[PDB]
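**Q** Residue strings, one per chain:
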Amino acid sequence: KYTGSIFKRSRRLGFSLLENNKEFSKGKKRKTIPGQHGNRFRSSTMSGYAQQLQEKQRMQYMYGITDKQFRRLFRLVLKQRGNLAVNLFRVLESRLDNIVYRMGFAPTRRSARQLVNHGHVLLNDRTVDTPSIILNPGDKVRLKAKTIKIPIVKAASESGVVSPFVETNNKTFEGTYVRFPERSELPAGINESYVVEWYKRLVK
Amino acid sequence: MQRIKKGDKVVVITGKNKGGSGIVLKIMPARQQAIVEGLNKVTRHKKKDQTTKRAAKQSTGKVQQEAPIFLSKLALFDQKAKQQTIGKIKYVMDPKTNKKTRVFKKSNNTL
Amino acid sequence: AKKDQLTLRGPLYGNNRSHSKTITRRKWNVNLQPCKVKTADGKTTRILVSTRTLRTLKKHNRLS
Amino acid sequence: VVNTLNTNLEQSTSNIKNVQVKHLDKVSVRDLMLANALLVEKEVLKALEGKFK
RNA sequence: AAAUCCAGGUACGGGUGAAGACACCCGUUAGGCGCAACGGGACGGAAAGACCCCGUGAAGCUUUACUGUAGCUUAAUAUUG
RNA sequence: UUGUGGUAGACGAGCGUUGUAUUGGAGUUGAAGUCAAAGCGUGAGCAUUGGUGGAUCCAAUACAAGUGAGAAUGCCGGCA
RNA sequence: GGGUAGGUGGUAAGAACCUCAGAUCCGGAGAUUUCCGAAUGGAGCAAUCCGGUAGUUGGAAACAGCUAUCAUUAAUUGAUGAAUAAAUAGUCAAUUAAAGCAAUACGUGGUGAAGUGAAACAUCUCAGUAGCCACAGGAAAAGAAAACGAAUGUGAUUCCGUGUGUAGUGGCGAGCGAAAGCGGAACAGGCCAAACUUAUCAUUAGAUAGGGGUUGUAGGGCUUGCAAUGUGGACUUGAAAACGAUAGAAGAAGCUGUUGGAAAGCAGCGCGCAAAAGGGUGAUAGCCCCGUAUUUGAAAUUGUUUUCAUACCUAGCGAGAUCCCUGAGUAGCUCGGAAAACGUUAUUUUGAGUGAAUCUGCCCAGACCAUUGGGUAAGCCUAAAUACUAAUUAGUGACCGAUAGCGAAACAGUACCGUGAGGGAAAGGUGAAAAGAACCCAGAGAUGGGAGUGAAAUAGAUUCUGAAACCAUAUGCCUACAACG
Ligand SMILES: [Mg+2]
Ligand SMILES: [Mg+2]
Ligand SMILES: [Mg+2]
Ligand SMILES: [Mg+2]
Ligand SMILES: [Mg+2]
Ligand SMILES: [Mg+2]
Ligand SMILES: [Mg+2]
Ligand SMILES: [Mg+2]
Ligand SMILES: [Mg+2]
Ligand SMILES: [Mg+2]
Ligand SMILES: [Mg+2]
Ligand SMILES: [Mg+2]
Ligand SMILES: [Mg+2]
Ligand SMILES: [Mg+2]
Ligand SMILES: [Mg+2]
Ligand SMILES: [Mg+2]
Ligand SMILES: [Mg+2]
Ligand SMILES: [Mg+2]
Ligand SMILES: [Mg+2]
Ligand SMILES: [Mg+2]
Ligand SMILES: [Mg+2]
Ligand SMILES: [Mg+2]
Ligand SMILES: [Mg+2]
Ligand SMILES: [Mg+2]
Ligand SMILES: [Mg+2]
Ligand SMILES: [Mg+2]
Ligand SMILES: [Mg+2]
Ligand SMILES: [Mg+2]
Ligand SMILES: [Mg+2]
Ligand SMILES: [Mg+2]
Ligand SMILES: [Mg+2]
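Residue numbers (the entry's author numbering), protein chains in the order written: chain U, 2 to 205; chain t, 1 to 111; chain v, 2 to 65; chain c, 160 to 212.
Be careful, since some hints might not be right.
Quick list of in silico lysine-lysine cross-link-like pairs, DSS-like style, CA-CA up to 30 Å [what the hints assert, rightly or not]:
#, chain 1, residue 1, chain 2, residue 2
1, U, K205, c, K176
2, t, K100, t, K88
3, v, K28, U, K27
4, t, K88, c, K185
5, v, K22, U, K23
6, v, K22, U, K2
7, U, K2, v, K4
8, U, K80, c, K176
9, t, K80, U, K150
10, U, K23, v, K59
11, c, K185, U, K69
12, v, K60, U, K27
13, t, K80, t, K6
14, U, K150, t, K6
15, v, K22, U, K27
Calculated from the model, a selection of chain U residues having no Cβ within reach of chain v, i.e. all distances over 12 Å [stated by the list, open to error]:
#, residue
16, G83
17, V92
18, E183
19, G190
Going by beta-carbon spacing under 10 Å, a handful of chain U positions derived as facing chain v [unchecked claim]:
#, residue
20, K9
21, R13
22, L14
23, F16
24, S17
25, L19
26, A189
27, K201
28, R202
Rather than coming from a laboratory, the hints here were simulated on the basis of the structure.
All C-beta atoms in this analysis are idealised placements derived from N, C-alpha and C, irrespective of residue type, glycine included.
Using the sequences and the hints given, assemble the complete structure.
**A** Structure representation (structure tokens):
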């Protein structure tokens, strides 16, 4: 609104109040801010629950999930018959892109999800574009032919590597399974069940 | 490609002229018309105008010319076939010259 | 304008309430009082400032 | 009236403005009673019995 | 062209009537249609009467009507030893 | 058997227009529109024929309304 | 790049050309881009006038061509430099940004009425609305507890439903009306100052540039050890891949007869469909044409996502010392106002005045005190859910169909009105195809009557259908002694 001349006022005091609030010294912190936030965890003393909370983050991250979707899946499985500690494991492992990554035609789980969303993926009684449909234990997932028309081929090899609860034949692009993953195939990265009781408190 | 070109033999499949054979002299793509010689002969009442060196005479009586015809009413005429018939055409691409060529679907005749 | 040069705090507009709560708009003005200071080699330059900044100036040793 | 959304049946009956195919969770009163004729799958009827309660 | 115009084929006397009638009652008079005139009437035309009253209508103006306020003046306080 | 004058008003039963949903039907051998006539109804209203006209329209049951013009010194257009 | 055999924009015929060495046309990327206009060399009555400087070409010079540059403000830097020795003010030069506009729409802030209601009116309402102004952004604002609040309680902000028209607030009148809790959409918490320490400033630093730190079941610094080499971001550069956007390619199936001016209608016999959406074709076409379903394709530009690597950030649990740091004209208080539902009051804010303390600390739990409990003010940044559509693509409508729908279906903000701001219309349809009536007659001609084209000319340019009021003609009846809603 005039010749404010920030030099004139800033130097005018050299400490005061406004200069120090504003002090051009103000650095960038353009990486400190982001990274530390990122994601944290640890266990504490006063609430105990710290262990449970951290495990949820790991579990949710292992599959690339937003917390809201997880609450829906827990609500679904919660009501049924009884001690369902065998059901929700099948539900959490029934993701199509999870099966596609565990099927072995993608280098990483998120890449498989991207593929699924990009329309690589052919199902049985249906087809698939959304990478979140909950699949049934005994279902087939025939891979497209256009994907093989784009030979990056490197994938097929991973497929054979596999893990015992999935049966897939390389090159021929076909897959199914039975005897749903036991806890051995769900390694000690996240193997606990008191986060489960926690979700009954947070989710009715 | 185009169904009708300038030059190919054509007939009329609807209207007063049925089996009306002629040669297409010119094609208007925008108005979907086609001038075919010998068909749709109209005789404009020719006035007399004298305002130019050529208009000093401009001898015009009962000149009968050609009226344009909708391209839908036209149908390609077969010539290679022993029994000429009216049919539809394809747009096959032969790898011999990589050029698009029209071929009938009730026979195997090119163009 | 009627404003301080050190800070940017200016007038405060409000109501002039009287008996019977009759409303009339009024203006509170800041205490612009001349003041001389020593900055950049002690260069004195008269600056119209609010009494609050003057008290702030007095305690901060600048005013000497 | 179909419970498993067969694709071959949906590939057909789509250029026919007359006939149509629907799931149990998609039919309504008007779609059912406009039919004048309908072909029901055996497991759809059993699923109906479950739904009817 | 114009204002006007509910449809009209549009007399007078006495009476009647929303209380002063071309149209109602009782009588009298009068062939159909123009033209030039003058204004009696059609409570003639133009202007939802300016006068009067009503509206818990408007606006302008006045004052020791009410409530406030610009301005003027006095004191405390800060700049102010 | 007792009834049926009627303003303000209360109540009940219907007509008509356009469109939508289901059925059926007519139409260049002539639909809508539009004019005329010596028809049918208790009322809104509804037909028949002929002329003009040249492409949509009708019947039933429901549904939704910018749904019914005589007046506002009402608006617009035309003509006295 | 795609794509062909036509093209030279509409009222538009003709004349003259271009085009198969691939035209016109569509898409991507570029080139040129007069003057006014933020207008910015100076002015000025907008599309005009008058220049300076440095080059270069003609002239013998004035001069005239051809180029580039010349506004102001702010920041940085350098040079020069007054009153007055120094030093500044000032002056000059260079570099970097700012100007303005629009999306009749959303955001923030400042300012801010009145008509009206209360059946008058002043408190109040209207309403923090209209308007004025400033600043943006693609959203903005808000935001991580000195909090809610009464409990073995929740644990940033934002938005929706309920709580409810409840508690309350109101000349207790008209009226106004939450905050908790609960159910949902989305979810994210970070970073400085001070301690302590390093280096440098006539080191009077009280300043500059680094390491250390970011708190509440207090945190950090001081000294001393164990365990760590990771996980994750609101993150930089690259490489690769995938999904698209900006032109496109292919894309099935019918004949006969009848009315008819014309068949696609009607009837007979057929055919195709992942195509029976639609448009045109002389009537009403699944199979005439263009298309549609479906399968495909990008030289160039661009969007989203993923993978790999790569900068930049990011890390636990102990012991002792009892020492230091934790945001002051600040929080409070007084005098006038305001924000919250509250008409000023516990909480928030401020115009004037005054003014604290430092974890045995400070604030809060609707005056206030004590106990209990909760939380760490006076520093900063923060995606998502949220608000809107001038525009681009596709599409829809028990929406309108020339007095309707935008004022504007036509060349409408035009004609026109006003000095100006401003106000502001009406007007669409020949025929399938102009085949737009050659020729003859009357007339000066327009025009009319024939002829001709056409299914129709009473479809003729006055051009779909053509209602009434209104004006004329005529068959038949009545009417010139007659008082007439
Ligand atoms: Mg007021
Ligand atoms: Mg007149
Ligand atoms: Mg009397
Ligand atoms: Mg009388
Ligand atoms: Mg009078
Ligand atoms: Mg009056
Ligand atoms: Mg009054
Ligand atoms: Mg005084
Ligand atoms: Mg009655
Ligand atoms: Mg109807
Ligand atoms: Mg008729
Ligand atoms: Mg109406
Ligand atoms: Mg080319
Ligand atoms: Mg008022
Ligand atoms: Mg009032
Ligand atoms: Mg923001
Ligand atoms: Mg094609
Ligand atoms: Mg085809
Ligand atoms: Mg068709
Ligand atoms: Mg307090
Ligand atoms: Mg308030
Ligand atoms: Mg404490
Ligand atoms: Mg603190
Ligand atoms: Mg209009
Ligand atoms: Mg009109
Ligand atoms: Mg004629
Ligand atoms: Mg007409
Ligand atoms: Mg007589
Ligand atoms: Mg007589
Ligand atoms: Mg009489
Ligand atoms: Mg009589």
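**Q** All hints, please: hold or fail.
**A** Hints versus structure:
no. : hint                : result
1   : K205(U) <-> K176(c) : violated, 47 Å
2   : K100(t) <-> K88(t)  : holds, 16 Å
3   : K28(v) <-> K27(U)   : violated, 37 Å
4   : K88(t) <-> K185(c)  : violated, 43 Å
5   : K22(v) <-> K23(U)   : violated, 43 Å
6   : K22(v) <-> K2(U)    : violated, 37 Å
7   : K2(U) <-> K4(v)     : holds, 11 Å
8   : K80(U) <-> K176(c)  : violated, 43 Å
9   : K80(t) <-> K150(U)  : violated, 42 Å
10  : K23(U) <-> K59(v)   : holds, 22 Å
11  : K185(c) <-> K69(U)  : holds, 27 Å
12  : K60(v) <-> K27(U)   : holds, 26 Å
13  : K80(t) <-> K6(t)    : holds, 19 Å
14  : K150(U) <-> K6(t)   : violated, 43 Å
15  : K22(v) <-> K27(U)   : violated, 49 Å
16  : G83                 : holds, 69 Å
17  : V92                 : holds, 60 Å
18  : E183                : holds, 69 Å
19  : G190                : holds, 56 Å
20  : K9                  : holds, 8 Å
21  : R13                 : holds, 5 Å
22  : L14                 : holds, 7 Å
23  : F16                 : holds, 7 Å
24  : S17                 : holds, 7 Å
25  : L19                 : holds, 6 Å
26  : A189                : violated, 60 Å
27  : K201                : violated, 55 Å
28  : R202                : violated, 50 Å
Hints 1, 3, 4, 5, 6, 8, 9, 14, 15, 26, 27 and 28, counting from the list given before, are not met by this structure.
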